[PDB]
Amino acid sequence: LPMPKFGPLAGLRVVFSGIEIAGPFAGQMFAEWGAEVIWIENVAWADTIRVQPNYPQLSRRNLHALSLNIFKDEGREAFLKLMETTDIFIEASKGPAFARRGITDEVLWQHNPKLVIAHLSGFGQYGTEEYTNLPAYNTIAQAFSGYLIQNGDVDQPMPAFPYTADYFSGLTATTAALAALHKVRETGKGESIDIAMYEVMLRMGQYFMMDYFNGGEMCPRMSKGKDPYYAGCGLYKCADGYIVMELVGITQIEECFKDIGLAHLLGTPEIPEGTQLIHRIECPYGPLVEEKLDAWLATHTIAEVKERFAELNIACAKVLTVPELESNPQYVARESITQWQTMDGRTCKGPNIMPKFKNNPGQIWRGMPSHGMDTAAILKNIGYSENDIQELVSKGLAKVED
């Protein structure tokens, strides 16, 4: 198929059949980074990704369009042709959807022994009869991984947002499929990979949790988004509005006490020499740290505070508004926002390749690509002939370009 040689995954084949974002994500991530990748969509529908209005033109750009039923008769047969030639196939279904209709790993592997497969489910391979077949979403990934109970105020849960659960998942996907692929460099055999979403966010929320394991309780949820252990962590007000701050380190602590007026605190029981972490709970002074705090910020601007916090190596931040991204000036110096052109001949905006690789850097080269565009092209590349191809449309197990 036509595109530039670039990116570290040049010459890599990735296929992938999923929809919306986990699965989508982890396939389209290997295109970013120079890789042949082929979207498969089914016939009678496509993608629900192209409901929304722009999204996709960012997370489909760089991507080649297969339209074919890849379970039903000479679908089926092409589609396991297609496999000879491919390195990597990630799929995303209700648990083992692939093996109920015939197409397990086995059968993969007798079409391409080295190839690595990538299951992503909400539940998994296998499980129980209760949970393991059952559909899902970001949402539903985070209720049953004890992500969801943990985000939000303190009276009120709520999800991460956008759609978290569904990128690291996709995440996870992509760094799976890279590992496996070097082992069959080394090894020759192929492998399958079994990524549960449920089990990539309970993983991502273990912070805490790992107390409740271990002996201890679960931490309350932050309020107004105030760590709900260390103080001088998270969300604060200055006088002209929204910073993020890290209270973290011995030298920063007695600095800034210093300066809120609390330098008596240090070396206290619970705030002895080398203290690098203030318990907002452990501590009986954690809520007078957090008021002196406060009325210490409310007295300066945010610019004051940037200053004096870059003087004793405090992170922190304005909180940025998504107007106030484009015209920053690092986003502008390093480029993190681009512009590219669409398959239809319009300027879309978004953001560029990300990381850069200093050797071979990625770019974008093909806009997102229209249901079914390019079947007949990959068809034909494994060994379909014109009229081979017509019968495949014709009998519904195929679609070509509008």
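Positions refer to the first chain, counted from 1. Compared with the form deposited in another entry:
- For the relative rotation of rigid parts between these two forms, the listed residue sitting on a hinge is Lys318 (options: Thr85, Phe213, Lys318, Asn381).
One more: the block was the form deposited in one PDB entry; return the form deposited in another entry.
Shown below: the chain alone.
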């Protein structure tokens, strides 16, 4: 398809089937980096992402849109034809739904034995009858992986937000697909990847869970965003807003204690000279430290705290609100937030390409396409006649431009 040549992934042919976040996020990341990415939508109903008023302009940019029933008759024939020249196929569905509907990996590899297939699901491509065919939900994936119980406040768990599991899972699919692609180039043989959302999130929540698995205890939840174990680490309230800080180091602790009214605790058997970290539960003065730190911070503006913490080399940062990002010096210098044109000629604002490739940078070349916008061109390219396409449309197996 027509598009500029750019990025590390120029010339790569990616196709994805799925809606909302996880699957499409995986597929569209390839597009940020130069790939030719075809977004498959059902004929009767478009991707449900489209009901979101603004986000899709970001999450569907740089894409080509195909509307095809890939499971039925001529629509299935066309899909499998497309696979013959596709490098990577990404799909998000309810477990092994593709195989159940007749498109096994075997059938896919009949049409392209080099194909990299990435299956994104809530509970995996195989397992028990109870879980395997269940739908993928971000909150369910966090619930099932032990991620949800470790997020939130001491006595109130909460999911990570927004849709954190969908992004981790989609990103993993991208990563794994690029790894499999390397193997294809070395080897001439394709791959099937079973990305289960709960296994992705299981990995991401292991920092303390590894203690539980290995004779220790699981950590408690944070208290109001404070570190579960170490005093003076995490989220704090200043007079002026919120700050995050890391009270770490001999001098840092000595001088901070003096600031906050706790100089008398230095050189104590509980806080011996050379103390680098205050363990809030192991140290009897843990809670007292938090009391004095809260009180001192509540008295000072973020600008004041930042000035003092800079003298002491205590790492810290103001918690920025959404309205503060665009005008931030780093954001400005790096063009971290930019603008582009939608396909219907409106100005849209949002994050630039990330990350920044030096030699072959990504670019935004296309706004989000409309439902079935590129169907006619795609089907032509893979050998369908004008009549073939008309028949597909009239049968409800394809949709062309609005």
